[PDB]
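Using the hints, position chain B with the ligands against chain A.
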Amino acid sequence: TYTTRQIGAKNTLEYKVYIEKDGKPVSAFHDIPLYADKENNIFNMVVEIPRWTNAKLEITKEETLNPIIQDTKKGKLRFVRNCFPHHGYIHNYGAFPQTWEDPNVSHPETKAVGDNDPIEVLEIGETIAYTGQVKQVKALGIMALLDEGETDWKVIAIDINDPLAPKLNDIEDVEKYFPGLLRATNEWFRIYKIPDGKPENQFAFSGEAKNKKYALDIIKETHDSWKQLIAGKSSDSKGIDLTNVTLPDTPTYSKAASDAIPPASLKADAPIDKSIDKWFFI
Amino acid sequence: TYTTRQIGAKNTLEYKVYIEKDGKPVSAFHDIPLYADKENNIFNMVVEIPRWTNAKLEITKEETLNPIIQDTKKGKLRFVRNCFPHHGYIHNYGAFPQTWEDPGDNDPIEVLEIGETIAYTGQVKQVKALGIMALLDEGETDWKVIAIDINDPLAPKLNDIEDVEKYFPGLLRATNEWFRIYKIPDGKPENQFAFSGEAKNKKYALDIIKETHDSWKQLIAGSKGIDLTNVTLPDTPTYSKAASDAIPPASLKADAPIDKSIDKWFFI
Ligand SMILES: [Mg+2]
Ligand SMILES: [Mg+2]
Ligand SMILES: [Mg+2]
Ligand SMILES: [Mg+2]
Ligand SMILES: [Mg+2]
Numbered sequence: 002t003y004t005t006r007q008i009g010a011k012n013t014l015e016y017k018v019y020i021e022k023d024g025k026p027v028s029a030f031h032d033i034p035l036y037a038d039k040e041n042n043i044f045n046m047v048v049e050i051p052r053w054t055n056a057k058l059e060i061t062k063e064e065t066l067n068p069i070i071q072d073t074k075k076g077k078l079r080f081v082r083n084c085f086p087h088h089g090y091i092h093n094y095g096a097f098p099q100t101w102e103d104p105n106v107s108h109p110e111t112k113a114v115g116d117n118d119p120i121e122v123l124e125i126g127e128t129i130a131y132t133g134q135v136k137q138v139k140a141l142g143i144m145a146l147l148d149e150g151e152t153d154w155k156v157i158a159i160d161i162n163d164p165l166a167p168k169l170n171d172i173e174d175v176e177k178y179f180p181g182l183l184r185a186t187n188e189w190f191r192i193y194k195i196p197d198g199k200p201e202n203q204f205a206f207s208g209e210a211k212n213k214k215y216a217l218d219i220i221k222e223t224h225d226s227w228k229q230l231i232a233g234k235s236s237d238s239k240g241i242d243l244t245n246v247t248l249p250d251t252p253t254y255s256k257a258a259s260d261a262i263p264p265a266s267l268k269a270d271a272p273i274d275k276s277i278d279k280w281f282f283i
Numbered sequence: 002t003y004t005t006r007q008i009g010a011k012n013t014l015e016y017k018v019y020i021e022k023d024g025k026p027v028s029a030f031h032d033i034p035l036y037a038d039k040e041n042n043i044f045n046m047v048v049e050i051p052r053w054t055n056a057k058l059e060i061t062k063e064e065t066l067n068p069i070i071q072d073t074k075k076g077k078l079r080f081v082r083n084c085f086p087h088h089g090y091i092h093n094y095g096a097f098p099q100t101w102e103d104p115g116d117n118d119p120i121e122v123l124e125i126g127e128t129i130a131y132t133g134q135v136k137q138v139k140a141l142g143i144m145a146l147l148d149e150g151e152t153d154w155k156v157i158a159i160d161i162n163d164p165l166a167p168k169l170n171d172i173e174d175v176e177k178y179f180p181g182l183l184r185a186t187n188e189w190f191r192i193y194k195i196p197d198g199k200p201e202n203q204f205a206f207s208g209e210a211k212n213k214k215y216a217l218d219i220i221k222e223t224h225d226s227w228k229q230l231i232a233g238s239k240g241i242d243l244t245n246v247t248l249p250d251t252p253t254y255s256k257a258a259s260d261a262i263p264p265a266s267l268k269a270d271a272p273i274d275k276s277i278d279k280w281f282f283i
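Chains A and B, in that order, are what the protein sequence lines are.
Note that the first sequence covers residues 2 to 283 in full-length UniProt numbering.
Note that the second sequence covers residues 2 to 104, 115 to 233, 238 to 283 in full-length UniProt numbering.
Isolated chain A, as found in the complex:
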């Protein structure tokens, strides 16, 4: 059973969330199986950012066992800004573990190198998720985002426990049950860093949401990149911490790395600066 171990107060520099199995930390990047049910293409999603929140919480590639920590921009806590008509992130946002957008090769669909992170996941179900949650999802489709010119695919997915899950099997079903969501998703990922002073992003395929079959193919590619990475065989692993506690055939296997993690020290959420309330009209 997966649980979380929180260090510190949310919305601070000291905040960390480790994922635990049997009450002991494992790598959120490496040790959670991509597949909950391989035969039925049910995936484990690691949730990073709940819907309608701002704090840019992410799996930290360079820290041992890859806890979720808030990103910083020049030393300051990063919060994604509200871009009208949206409030923070408009999906439960996270990643598939055991995947990598390989930065060392140009990807043919986008003609761009990978962004060096796990493939990311937009989970569209009704219940708001929590940071460090491992939930089980079905893939519905995928969008080819170029995030500051880097390949940054976004998988469209739904929690298998969602009341609608049985009715959502491919990307066209998203438009049927969530009309406007995919178009809003396109806008969101285009504009969300404009308030940070960054350019608009762009999508390949004029932002088309490719179907499930397409999505599975790309998820496979990223899993395969990760398999090379974790084996120590990437041409450049970018100083990623490859320490893991469940993959005995890898050079960086270490069951003991788990014991070295501090105990939970959960504190109440710290206040967020009122600037983060601001609604930007772009």
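Hints were generated in silico from the structure; no laboratory data involved.
Just so you know, even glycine gets a beta-carbon here, dropped at the ideal spot from N, CA and C.
Mixed in with the good hints there might be a few duds.
If you want a taste of the chain B side facing chain A, the calculated C-beta under 8 Å gives, among others [as the list claims (entries may be wrong)]:
1) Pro86
2) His87
3) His88
4) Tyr215
5) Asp218
Under the rule of at most 20 Å between Cα atoms (straight-line distance), these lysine-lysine pairs were calculated in the PhoX-like manner [to be verified]:
6) A:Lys279 to B:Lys177
7) A:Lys177 to B:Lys177
8) B:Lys268 to A:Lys268
Showing chain B with the ligands alone in chain A's frame:
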């Protein structure tokens, strides 16, 4: 100085917020002057509902000193549902005190405050009026004043309704949409606007505000089941300073959980 006194846990039937002046409860309907600066048309707004929340909190006309409580229907706490692409209420939402739509919807006139900062329930902030829309909900006229906190960084650039279009492009469209559809998930019909949903200008809004203030002047001087107790207007029949002292002390209870169903995004 205005503060708040909270009784109970948020998101419960027991929750009440009173406004305090220098530590003493006063009526949120009657004791807060409509005008912070009459000469320059600066109004006091009583905030009921923060932007991006769901709990339908309102000044209750029928309880002494008119605390803000959660609305209910047949015993059940009311939460406005999330209507895509909106998250809860899209404005800081509240009322002008010392106003009354004499039936006409029987309530103070409501205020959509459009500034950047999210407000708090029971906050008395100072705003300038920019415009007004006339919502029709169940045969009742339901005026909504568009306003901005005078402390907002943009307040000096916003003086009339056309400035909302320039600095907040799409907000007026979203407002029209929101108030049309927000009760469809509850099983209620779509609402409609007068004037084909046009936001009338500041002048038109000031005329409505003054009118509803004149009505309330009649009300408080002595009424469909409204408690008129006040603690700051000594020559009113219902003046009673002891009312302030009869209010329980603050509870410091943490917010109660809200049922997960309220998370749901409706596509309507
Ligand atoms: Mg980044
Ligand atoms: Mg990046
Ligand atoms: Mg990415
Ligand atoms: Mg009502
Ligand atoms: Mg009304």
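Consistency of the hints with the structure:
For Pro86 of chain B, the interface hint holds, the least distance from its beta-carbon to any beta-carbon of chain A being 5 Å, beneath 8 Å. Taken as an interface hint, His87 of chain B checks out: its beta carbon lies about 7 Å from the nearest beta carbon of chain A, inside 8 Å. With its C-beta approaching chain A no nearer than about 4 Å, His88 of chain B sits inside the 8 Å limit, and its interface hint holds. For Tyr215 of chain B, the interface hint is violated, since its Cβ never comes within 8 Å of a Cβ in chain A; the closest pair sits about 25 Å apart.
At about 29 Å, the closest approach between the beta carbon of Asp218 of chain B and any beta carbon in chain A exceeds 8 Å, and the interface hint on this residue is violated. Between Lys279 of chain A and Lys177 of chain B the CA atoms are separated by roughly 17 Å; this keeps the pair inside 20 Å, and the hint holds. Between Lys177 of chain A and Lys177 of chain B the alpha-carbon distance is near 34 Å, which puts this suggested pair outside the 20 Å criterion. The hinted pair formed by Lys268 of chain B and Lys268 of chain A meets the criterion: a straight-line CA distance of about 18 Å does not exceed 20 Å.
Of the numbered hints stated above, those contradicted by the structure are hints 4, 5 and 7, listed in ascending order.
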